[PDB]
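A single chain, nothing else alongside it, follows as C-alpha cells in the form deposited without 7-(4-fluorophenyl)quinoxalin-5-ol.
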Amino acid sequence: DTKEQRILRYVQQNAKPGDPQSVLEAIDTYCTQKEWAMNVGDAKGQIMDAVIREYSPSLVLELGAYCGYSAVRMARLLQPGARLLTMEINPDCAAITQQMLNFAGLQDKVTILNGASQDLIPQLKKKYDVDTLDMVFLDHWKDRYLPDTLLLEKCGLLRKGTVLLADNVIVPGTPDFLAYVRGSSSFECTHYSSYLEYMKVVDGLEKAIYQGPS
C-alpha cells in the first residue's frame, strides 16, 4: 500500500465526515506519527489560509494534489459559489484526493483535473470556463514553476492582483522562478520562511502578485 492510501485509510477511521479541520488534523497527526515528510503541513497551511483571507479568491487553481491536504485546506475557506480547480498528474493521487474531499464534504467546490499542467493549462479557458484566475498555488514539479507561470500569462489567465503562491521555493528550490518574479515589473513578491523537519532546513513560500503585462 502507498503512503497516500494509508493516510486516506487513517482519515476515514479517525476523522469526522464533513469536518475539514478534523481531516487536516488527522493527516498532520498521522504523518507526524510515521515520521513522513509532509508535503504541506499546518504551519505552511496557516500561510495559505492568510493569503486566502486577504485576497478572497473565487477561482483558485492548484498545481499538484498529492493526498488532497492542500485542496482540503483551501476549499474549506472558499465562499459558496467559489471553485477550486486542482491538477494532478498521477491518477492514483487524483483518486485519493477525490475521496479525501468527499470525506471532508468539500467535493462540491472542487474539480480534479487529471493530467500534466502543460497539457491542462491551455484547456482552462474553454473546457473549464475560466476567464481569469484569482489565485494559483504552485506545488507540483519544481522545473515547471517558471514555464507554467509564463504559460498562464500567455493564455491570458492572470489579471492584476492574481496571487501566485509557490511552495518549496528553497528546498529543493526554484531559483529561476524566483529570479523571474522578483526581477519582473509584472510581479510584486513577498517571501515566507518555514522549517522542514528531518532535513532540518529552512524552506519557504513565495507570494507573487501579478501586476498586469509588461
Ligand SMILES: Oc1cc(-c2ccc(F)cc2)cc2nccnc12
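Only residues modelled in both forms are compared. Between two forms, the rigid core is the largest collection of C-alphas that superpose within 1.5 Å. Residue numbers count along the first chain shown, from 1. Compared with the form deposited with 7-(4-fluorophenyl)quinoxalin-5-ol bound:
With the rigid core aligned between these two forms, only one of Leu59, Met38, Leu157, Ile47 has a CA shift of 2 Å or more: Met38. Relative to the superposed rigid core, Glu197 undergoes a CA displacement of at least 2 Å between these two forms. Segments displaced between these two forms are 37-39, 195-201 (runs of at least 3 consecutive residues, each Cα moved 2 Å or more after rigid core superposition).
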Given for the second form:
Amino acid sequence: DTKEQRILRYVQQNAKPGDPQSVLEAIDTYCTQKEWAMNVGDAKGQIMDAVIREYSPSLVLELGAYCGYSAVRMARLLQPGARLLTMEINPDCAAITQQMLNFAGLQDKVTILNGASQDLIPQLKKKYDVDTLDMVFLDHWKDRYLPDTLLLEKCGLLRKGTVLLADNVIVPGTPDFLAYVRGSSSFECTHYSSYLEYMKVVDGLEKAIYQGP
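Could the form deposited with 7-(4-fluorophenyl)quinoxalin-5-ol bound be shown next, to go alongside the form deposited without 7-(4-fluorophenyl)quinoxalin-5-ol?
All you get below is the one chain by itself.
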C-alpha cells in the first residue's frame, strides 16, 4: 500500500467517527511519529482557521486535496449552509479525501472533484452551479498557482473581495505567483509567517484579496 492509504487506515484505527478534531489529531500524530506528509499541518492550519473565521466564506474552493486534512480543517469551521469544493487530480487521493471527510462527518459540506484544476475550473459555473467564489485555498503543484489564478479570473469566478490563501509561498515557494500578486493592483496582499508542516523550517501563507478588474 501507499503512504496515503496508511494515513487513512491509521485514522480509521485511532480517531472517532463524526469528530473532525480527532481526525486532525490522528493525522498529525501519524505524520509526526511515523511518516512525514504534505498536509498543511497544525501551525499553518491555525492561521487558516483564523482566516476562515474572519471572513466566514459561503463558498470555498480548494486546489489540492491529498488525504483531506485541509478539507477537514476548513469544512469544520464553515457556517451552516456554507460549502467547500475541493479539486484533486490523483484519483486515489480523491477517494481517500472522500473517505476522510466521510469519517469526519463533514461529507454534506464538501464536494470532492476528481480531476485537474485546469480542466475543472472552466466547468464550475455550468456543472456545479457556481456564481463566484468567496475564498480559494491554493495548495497544489506550485507551477499551477499563477495559471489557475489567471484562469479563475478569466472564467468570472472571482469577485471584488474574494480571498486567495496560498500555502507554501516560502517552501517550496511559488515565485511567479508571489511576484505577480504582490505586484498587481488587482490584489491586496498580506504575508503570514509560519513553519513547514512537521518541520522546524520557516514557511508562510500569502493572503491575496482580489480587487476586481
